[PDB]
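Shown next as structure tokens: one chain only, the form deposited in one PDB entry.
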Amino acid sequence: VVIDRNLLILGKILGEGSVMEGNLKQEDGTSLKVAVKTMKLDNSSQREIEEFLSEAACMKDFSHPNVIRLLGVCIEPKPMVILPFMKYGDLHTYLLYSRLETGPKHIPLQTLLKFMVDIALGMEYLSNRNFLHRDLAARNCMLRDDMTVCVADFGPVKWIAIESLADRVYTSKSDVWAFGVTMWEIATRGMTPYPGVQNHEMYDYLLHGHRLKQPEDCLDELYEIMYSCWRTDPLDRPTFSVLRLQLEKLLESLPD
């Protein structure tokens, strides 16, 4: 997983650890445009870095068109996660530009659902290998050059599941919760979850049975899938394999 630091040239800041652009000189002699995420670990012990290196070995062997690839790691002693570059950027920002001229056109419902299928397919790939994201959101979903969504940033209380707020436990269904919110952001084209509610009022809001409201133009069939991911009991929540097929079935039922 480790790559020689001399093969990496850094540049601008893309986000703020932090994120940086760069050029990875491959083995075939060609320079590849890549993103570089810094990692602030606790160097008081080799506990965090061990788990970081273990995941890197697995995150590199992954191969799926709806899951971001991991190129390797570079040491300066801070590590740096090397990832592919995405000129189209994240999905959340793309949804905000769509509601503005000059930028993308008004995204139809058919295109919005395709994003959900991709994300679902990405999480379905990780679920089979028992890999948790623990940070699923629209801001984390990047767009490939062929306009296909891919999950990323897998090492925000309104994205965390109710059980993960009390017992602070994280299972596969905890990502289904975040996936449910992700579907809400896409349908709403970049709205912040739970308008009117603060981050410190969430645990009591959800515990009382309240959930994210249904959008104005959102179909009743889609909200049911979105609401099924927010059920109090994680066991009652569906898996990504189910959600993936449900969205595909609803997608094909629509015209072009």
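Numbering follows the first chain given and starts at 1. Between two forms, the rigid core is the largest collection of C-alphas that superpose within 1.5 Å. Only residues modelled in both forms are compared. First, how it differs from the form deposited in another entry.
- The residue that stands out in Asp217, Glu51, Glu221, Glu201 is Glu51, the single one whose Cα moves by 2 angstroms or more between the two forms on a rigid core fit.
- Once both forms are fitted on their core, the CA shift for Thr192 between the two forms remains under 2 Å.
- Core-superposed comparison between the two forms: the C-alpha position of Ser63 differs by less than 2 Å.
- Segments of 3 or more consecutive residues in which every C-alpha moves by 2 Å or more between the two forms, counting only residues present in both forms and fitting on the core, are 26-30, 44-54.
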Contents of the next structure:
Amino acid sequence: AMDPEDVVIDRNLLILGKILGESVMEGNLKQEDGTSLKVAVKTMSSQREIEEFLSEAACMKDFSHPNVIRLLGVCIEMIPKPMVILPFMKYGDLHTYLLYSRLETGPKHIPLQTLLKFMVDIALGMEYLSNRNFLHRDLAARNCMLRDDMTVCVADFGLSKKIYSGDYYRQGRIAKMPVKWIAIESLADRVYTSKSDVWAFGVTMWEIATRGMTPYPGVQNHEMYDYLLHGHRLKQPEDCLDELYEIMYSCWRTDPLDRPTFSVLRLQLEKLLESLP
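Same protein, different condition: the form deposited in one PDB entry was shown, now please give the form deposited in another entry.
Chain only, nothing else included.
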């Protein structure tokens, strides 16, 4: 296979460890020196040219923002199967972290200002992706990672789409996306815009504010489109600042043109956080 951007890492340099999630695995990557590096490995019927997976991975390897995960490379192993090499993040995903915090043994009770800072981190990463014409298409707390220094990075770009680029071979997976994070207009035919990500960002904010609750208690996935069509939205979480709830609600306006951009959301959240004692 041709790799013009040199994103492929030799398969012999990678040693696969335990399963982190389901798939994501732990791994050890031998560097130029005798040293080993702890990494994570993501592995994902009519398929596109593998050269395009490598080109997309090479483009993401050039992402440089503290709130966006940075791909290390791709390892190919045999029918070639690509595996994405990522920095190892021992704290894991934000969604599980929020649930663990509601246990005596988990992280301490998360202060309201730490919850807000997690949202600022995500809006900063999304502003960076949005400005580069990337649609995440799977934004949720389970797809945000906690760095060792407790800053959040947006991650899991496996089903993302650069605006105007080809997307035929992702359609089958896009059709299976969890319905409770999808914008009302994107539910009918699974067609996404930057405003679809803004809707998902509002849902993600609500997940952070509720400390990991599943969106829309009492509403089943099959009832979701009709529920939103009737104008119903996620309810204000207990102790959620009214100002914060209004920022979340602006992400779910029926007309996508009425929702704010990530730059506006980000500034609104930074100002709200600064105003707190």
